[PDB]
Amino acid sequence: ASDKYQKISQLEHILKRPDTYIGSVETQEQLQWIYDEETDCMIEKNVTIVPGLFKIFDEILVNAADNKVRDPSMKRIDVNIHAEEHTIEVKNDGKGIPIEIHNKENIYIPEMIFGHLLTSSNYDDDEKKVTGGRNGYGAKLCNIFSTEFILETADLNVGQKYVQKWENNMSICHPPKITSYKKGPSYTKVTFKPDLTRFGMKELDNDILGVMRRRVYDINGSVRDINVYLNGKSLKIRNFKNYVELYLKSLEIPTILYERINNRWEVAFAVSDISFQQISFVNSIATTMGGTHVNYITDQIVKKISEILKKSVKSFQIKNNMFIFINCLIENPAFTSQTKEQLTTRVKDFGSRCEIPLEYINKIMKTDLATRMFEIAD
Amino acid sequence: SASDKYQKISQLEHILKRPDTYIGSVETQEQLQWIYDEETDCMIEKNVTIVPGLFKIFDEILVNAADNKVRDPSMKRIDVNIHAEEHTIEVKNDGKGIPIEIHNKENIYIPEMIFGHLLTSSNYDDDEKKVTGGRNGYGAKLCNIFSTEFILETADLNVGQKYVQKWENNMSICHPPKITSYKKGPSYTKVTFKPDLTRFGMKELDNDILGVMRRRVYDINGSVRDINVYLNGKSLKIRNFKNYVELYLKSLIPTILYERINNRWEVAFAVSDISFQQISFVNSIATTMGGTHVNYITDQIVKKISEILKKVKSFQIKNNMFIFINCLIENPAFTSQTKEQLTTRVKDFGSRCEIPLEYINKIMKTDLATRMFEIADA
Ligand SMILES: Nc1ncnc2c1ncn2[C@@H]1O[C@H](COP(=O)(O)OP(=O)(O)NP(=O)(O)O)[C@@H](O)[C@H]1O
Ligand SMILES: Nc1ncnc2c1ncn2[C@@H]1O[C@H](COP(=O)(O)OP(=O)(O)NP(=O)(O)O)[C@@H](O)[C@H]1O
Ligand SMILES: [Mg+2]
Ligand SMILES: [Mg+2]
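Top to bottom, those sequences are chains B and A.
Residue numbering for the first sequence is 8 to 259, 276 to 334, 339 to 405, as defined by the authors' numbering.
Residue numbering for the second sequence is 7 to 258, 276 to 334, 340 to 406, as defined by the authors' numbering.
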């Protein structure tokens, strides 16, 4: 009976069952937005991508964005994708990783938080934080799903440079090379080579490159006060309104209605062609499966439109003519999984509210939505 | 401070600190839930306030018992006894028990191993295509971890012994098993737990959680073939999925249209009053957030209706449907440990489910058709 039952390690379970950590490691046929460089705008495309591969990139991206929360003096993210060499680099400025041996773990802190599961600066929820990072997995998950993983950082308090290489799904950990550093700014650079074989791929194809690239545009659109560079090119999205307007050409009384509701909430609206559509971000994370924040906003808009039509029309008819954009900040958010695709935090625990002004719903009532809704009623 | 800022925690510590991706929220949630009304012998939808994590730890034990029918098709009986006043919950199943044997690798008794250590399972070899609900080797331990007291009792006829082992204080206390001679009796497994109500923000099991727990036991009777289920000694009476779906009749040409499509798929249909509704089961797991199996079935029905209608938008057809699905899926994958949403691709199901024209024609005899013709004319 012994063979019937097995005990496995945390690390073994991640490699065996990637789904709850990074999403599927199988190819998925998806309708995805990508940024078209020739038309300088968003295009919806049928792609085939491996979610887990996109997600290990996303983990490093959101970590960089989180450092802007930790250090508001940070000014730039650099993303460099070397397709041919399957190598991806993510660099941020502002404060680096402290080059110190940890009191308890007795290893260098960078080795600790990039090379050991369940390590985080986000474990003390006494503090209400608007970082995306929550559970102490993201960076290690990337490491685990890489043939090679390199952490480079510079710390000004100690005046040192720190380079550490992991290999073979985080199973090989080389000692760090630490050198002297009085060379300008602090920074962190993460350089990884995904285990493409683990994702059933031989190379980075145009589909995955397209969505990776677009995700970088997302970061620029959702995070304020940073410059975002992709393969050397400054993306120069000035704000979330500018980001949403990248979708303008494809969608085509304004086509997009944008409003900043408060310091933690921005929303945009457009009329949807076939069914309900949403693009939303919580603390820079792309909530592709929506959740409590999306529902909080849409419910308000649908509720009011229903009242207007009443003085015949079911709520679903209203909702399915809506394309909503949301950029929001939520305190200590909770999600259905590590992939953080769906927010579960109750509204009352958001740390803020977003009461959509009646005048904004009035503007929605001038769009094609109302004409469609008055045809069903009358 | 840097040592205080960055923390390493154990897997056990993480589960208790951050329950969400393991068992769901430990905060109260307002939910619309189906309840079994005993006075009117039917399902009724009620607004309830429950703690999802508490409901979930109960569900893990229920699904484990259901899984034993796959292991041993001769299993006939599940008893669920809720002693509200004592907040003790018991789940007992007959058929083959847990082997009372020292594991050849782990060097401890198998029950101690698979109920008292994380990441232990008989479901880690996916070379076998199984239709068990169990996948990750967490479920039983999660219940234990969120219990003040957790008792496994089992009888094993191969060694002719009975085994009783008690854990206390969130699995932190593991008492040695009591093993006794057991001759001339049936095999069985009985799990008895007292949920750590302090960790769920509760003092007692109120009517809302009891109602939802009891309904979940009806689900099990409805979804598991050829078993008899009891709640506090009282037979649940239903024998199959058709019977189960019929419990919803009073709330909902027949009102409900049911068909077994094959040995792994049953589907029932009713006209929905407000919007799209689904009740679905994968390997006896309640997939309350739907997923690929639900989409597979509904896409077909929608596509087939749409083709006949034009001889209207897809969401208009979809949202007049109430779909019931009971299916068996090979080695399923889900968004999280809570298994609310199936992600397995259709091609990986291990079977197919083509909805026949006869079934579609019968749907076209219901209110859905005349509602669609109303939209078509205008
Ligand atoms: N670019 C960066 N700059 C500074 N600190 C970083 C950076 N990336 C990661 N860290 C630190 O490393 C820790 C581990 O990162 P990570 O593994 O992604 O976990 P996390 O972000 O805290 N939580 P999660 O991403 O939800 O699993 C983080 O808590 C940060 O404190
Ligand atoms: N009532 C039962 N009868 C027989 N075997 C059981 C029973 N309950 C649990 N087990 C066994 O104990 C193991 C551990 O259970 P569990 O922790 O729930 O993991 P799992 O069911 O395999 N996977 P998961 O529930 O998805 O985390 C299972 O693999 C079963 O083999
Ligand atoms: Mg992170
Ligand atoms: Mg289980």
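No lab work stands behind these hints: they were computed from the structure.
Every residue, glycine too, gets a C-beta built ideally from N, C-alpha and C.
Treat the hints with caution; some may be incorrect.
Across the chosen pairs, the derived CB separations fall in these ranges [what the hints assert, rightly or not]:
id: 1; chain 1: B; residue 1: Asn246; chain 2: A; residue 2: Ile403; range: 51 to 57 angstroms
id: 2; chain 1: A; residue 1: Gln37; chain 2: B; residue 2: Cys48; range: 15 to 21 angstroms
id: 3; chain 1: A; residue 1: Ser329; chain 2: B; residue 2: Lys23; range: 39 to 45 angstroms
id: 4; chain 1: A; residue 1: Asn53; chain 2: B; residue 2: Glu134; range: 30 to 36 angstroms
id: 5; chain 1: A; residue 1: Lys135; chain 2: B; residue 2: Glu134; range: 30 to 36 angstroms
id: 6; chain 1: B; residue 1: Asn238; chain 2: A; residue 2: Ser329; range: 39 to 45 angstroms
id: 7; chain 1: B; residue 1: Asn246; chain 2: A; residue 2: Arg399; range: 42 to 48 angstroms
id: 8; chain 1: A; residue 1: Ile50; chain 2: B; residue 2: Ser379; range: 50 to 56 angstroms
id: 9; chain 1: A; residue 1: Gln35; chain 2: B; residue 2: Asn238; range: 30 to 36 angstroms
id: 10; chain 1: A; residue 1: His181; chain 2: B; residue 2: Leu38; range: 41 to 47 angstroms
id: 11; chain 1: A; residue 1: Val340; chain 2: B; residue 2: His123; range: 54 to 60 angstroms
id: 12; chain 1: B; residue 1: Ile108; chain 2: A; residue 2: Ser80; range: 58 to 64 angstroms
Simulated crosslink set (SDA-like; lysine to any residue; CA at most 25 angstroms straight-line) [as the list claims (entries may be wrong)]:
id: 13; chain 1: A; residue 1: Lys135; chain 2: B; residue 2: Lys102
id: 14; chain 1: B; residue 1: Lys14; chain 2: A; residue 2: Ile108
id: 15; chain 1: B; residue 1: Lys393; chain 2: B; residue 2: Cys381
id: 16; chain 1: B; residue 1: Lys248; chain 2: B; residue 2: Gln300
id: 17; chain 1: B; residue 1: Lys184; chain 2: A; residue 2: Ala8
id: 18; chain 1: B; residue 1: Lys135; chain 2: B; residue 2: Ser295
id: 19; chain 1: A; residue 1: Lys23; chain 2: A; residue 2: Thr55
id: 20; chain 1: A; residue 1: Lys14; chain 2: B; residue 2: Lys52
id: 21; chain 1: A; residue 1: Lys52; chain 2: B; residue 2: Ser298
id: 22; chain 1: A; residue 1: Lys375; chain 2: B; residue 2: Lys341
id: 23; chain 1: A; residue 1: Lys52; chain 2: B; residue 2: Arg205
id: 24; chain 1: A; residue 1: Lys375; chain 2: B; residue 2: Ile179
id: 25; chain 1: B; residue 1: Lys248; chain 2: B; residue 2: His123
id: 26; chain 1: A; residue 1: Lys200; chain 2: A; residue 2: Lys190
id: 27; chain 1: A; residue 1: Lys333; chain 2: A; residue 2: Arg373
id: 28; chain 1: A; residue 1: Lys375; chain 2: B; residue 2: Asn359
id: 29; chain 1: A; residue 1: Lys14; chain 2: B; residue 2: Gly313
id: 30; chain 1: B; residue 1: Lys52; chain 2: A; residue 2: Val170
id: 31; chain 1: A; residue 1: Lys326; chain 2: B; residue 2: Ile15
id: 32; chain 1: B; residue 1: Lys14; chain 2: A; residue 2: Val170
id: 33; chain 1: B; residue 1: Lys327; chain 2: B; residue 2: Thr315
id: 34; chain 1: A; residue 1: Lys14; chain 2: B; residue 2: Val170
id: 35; chain 1: B; residue 1: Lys23; chain 2: B; residue 2: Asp10
id: 36; chain 1: A; residue 1: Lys23; chain 2: B; residue 2: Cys381
id: 37; chain 1: B; residue 1: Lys196; chain 2: B; residue 2: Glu155
id: 38; chain 1: B; residue 1: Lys248; chain 2: B; residue 2: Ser298
id: 39; chain 1: A; residue 1: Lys393; chain 2: A; residue 2: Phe343
id: 40; chain 1: B; residue 1: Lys14; chain 2: A; residue 2: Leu22
Verification of the supplied hints:
{"no.": "1", "hint": "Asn246/B to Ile403/A: 51 to 57 angstroms", "result": "violated, 40 angstroms"}
{"no.": "2", "hint": "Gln37/A to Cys48/B: 15 to 21 angstroms", "result": "violated, 41 angstroms"}
{"no.": "3", "hint": "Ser329/A to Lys23/B: 39 to 45 angstroms", "result": "holds, 41 angstroms"}
{"no.": "4", "hint": "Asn53/A to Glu134/B: 30 to 36 angstroms", "result": "holds, 34 angstroms"}
{"no.": "5", "hint": "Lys135/A to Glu134/B: 30 to 36 angstroms", "result": "violated, 47 angstroms"}
{"no.": "6", "hint": "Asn238/B to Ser329/A: 39 to 45 angstroms", "result": "holds, 44 angstroms"}
{"no.": "7", "hint": "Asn246/B to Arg399/A: 42 to 48 angstroms", "result": "holds, 44 angstroms"}
{"no.": "8", "hint": "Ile50/A to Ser379/B: 50 to 56 angstroms", "result": "violated, 36 angstroms"}
{"no.": "9", "hint": "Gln35/A to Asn238/B: 30 to 36 angstroms", "result": "violated, 44 angstroms"}
{"no.": "10", "hint": "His181/A to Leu38/B: 41 to 47 angstroms", "result": "violated, 55 angstroms"}
{"no.": "11", "hint": "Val340/A to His123/B: 54 to 60 angstroms", "result": "holds, 55 angstroms"}
{"no.": "12", "hint": "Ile108/B to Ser80/A: 58 to 64 angstroms", "result": "holds, 60 angstroms"}
{"no.": "13", "hint": "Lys135/A to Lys102/B", "result": "violated, 50 angstroms"}
{"no.": "14", "hint": "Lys14/B to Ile108/A", "result": "holds, 14 angstroms"}
{"no.": "15", "hint": "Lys393/B to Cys381/B", "result": "holds, 22 angstroms"}
{"no.": "16", "hint": "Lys248/B to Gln300/B", "result": "holds, 17 angstroms"}
{"no.": "17", "hint": "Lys184/B to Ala8/A", "result": "holds, 21 angstroms"}
{"no.": "18", "hint": "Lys135/B to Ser295/B", "result": "violated, 36 angstroms"}
{"no.": "19", "hint": "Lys23/A to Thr55/A", "result": "holds, 22 angstroms"}
{"no.": "20", "hint": "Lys14/A to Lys52/B", "result": "violated, 42 angstroms"}
{"no.": "21", "hint": "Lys52/A to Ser298/B", "result": "violated, 29 angstroms"}
{"no.": "22", "hint": "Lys375/A to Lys341/B", "result": "violated, 35 angstroms"}
{"no.": "23", "hint": "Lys52/A to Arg205/B", "result": "violated, 46 angstroms"}
{"no.": "24", "hint": "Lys375/A to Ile179/B", "result": "violated, 36 angstroms"}
{"no.": "25", "hint": "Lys248/B to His123/B", "result": "violated, 39 angstroms"}
{"no.": "26", "hint": "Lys200/A to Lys190/A", "result": "violated, 30 angstroms"}
{"no.": "27", "hint": "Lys333/A to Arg373/A", "result": "violated, 29 angstroms"}
{"no.": "28", "hint": "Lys375/A to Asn359/B", "result": "violated, 38 angstroms"}
{"no.": "29", "hint": "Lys14/A to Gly313/B", "result": "violated, 30 angstroms"}
{"no.": "30", "hint": "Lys52/B to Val170/A", "result": "violated, 58 angstroms"}
{"no.": "31", "hint": "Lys326/A to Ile15/B", "result": "violated, 44 angstroms"}
{"no.": "32", "hint": "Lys14/B to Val170/A", "result": "holds, 21 angstroms"}
{"no.": "33", "hint": "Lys327/B to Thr315/B", "result": "holds, 18 angstroms"}
{"no.": "34", "hint": "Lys14/A to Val170/B", "result": "holds, 21 angstroms"}
{"no.": "35", "hint": "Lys23/B to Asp10/B", "result": "holds, 18 angstroms"}
{"no.": "36", "hint": "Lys23/A to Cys381/B", "result": "violated, 29 angstroms"}
{"no.": "37", "hint": "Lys196/B to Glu155/B", "result": "holds, 14 angstroms"}
{"no.": "38", "hint": "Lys248/B to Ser298/B", "result": "holds, 23 angstroms"}
{"no.": "39", "hint": "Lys393/A to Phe343/A", "result": "holds, 19 angstroms"}
{"no.": "40", "hint": "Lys14/B to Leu22/A", "result": "holds, 21 angstroms"}
Of the numbered hints stated above, those contradicted by the structure are hints 1, 2, 5, 8, 9, 10, 13, 18, 20, 21, 22, 23, 24, 25, 26, 27, 28, 29, 30, 31, 36, listed in ascending order.
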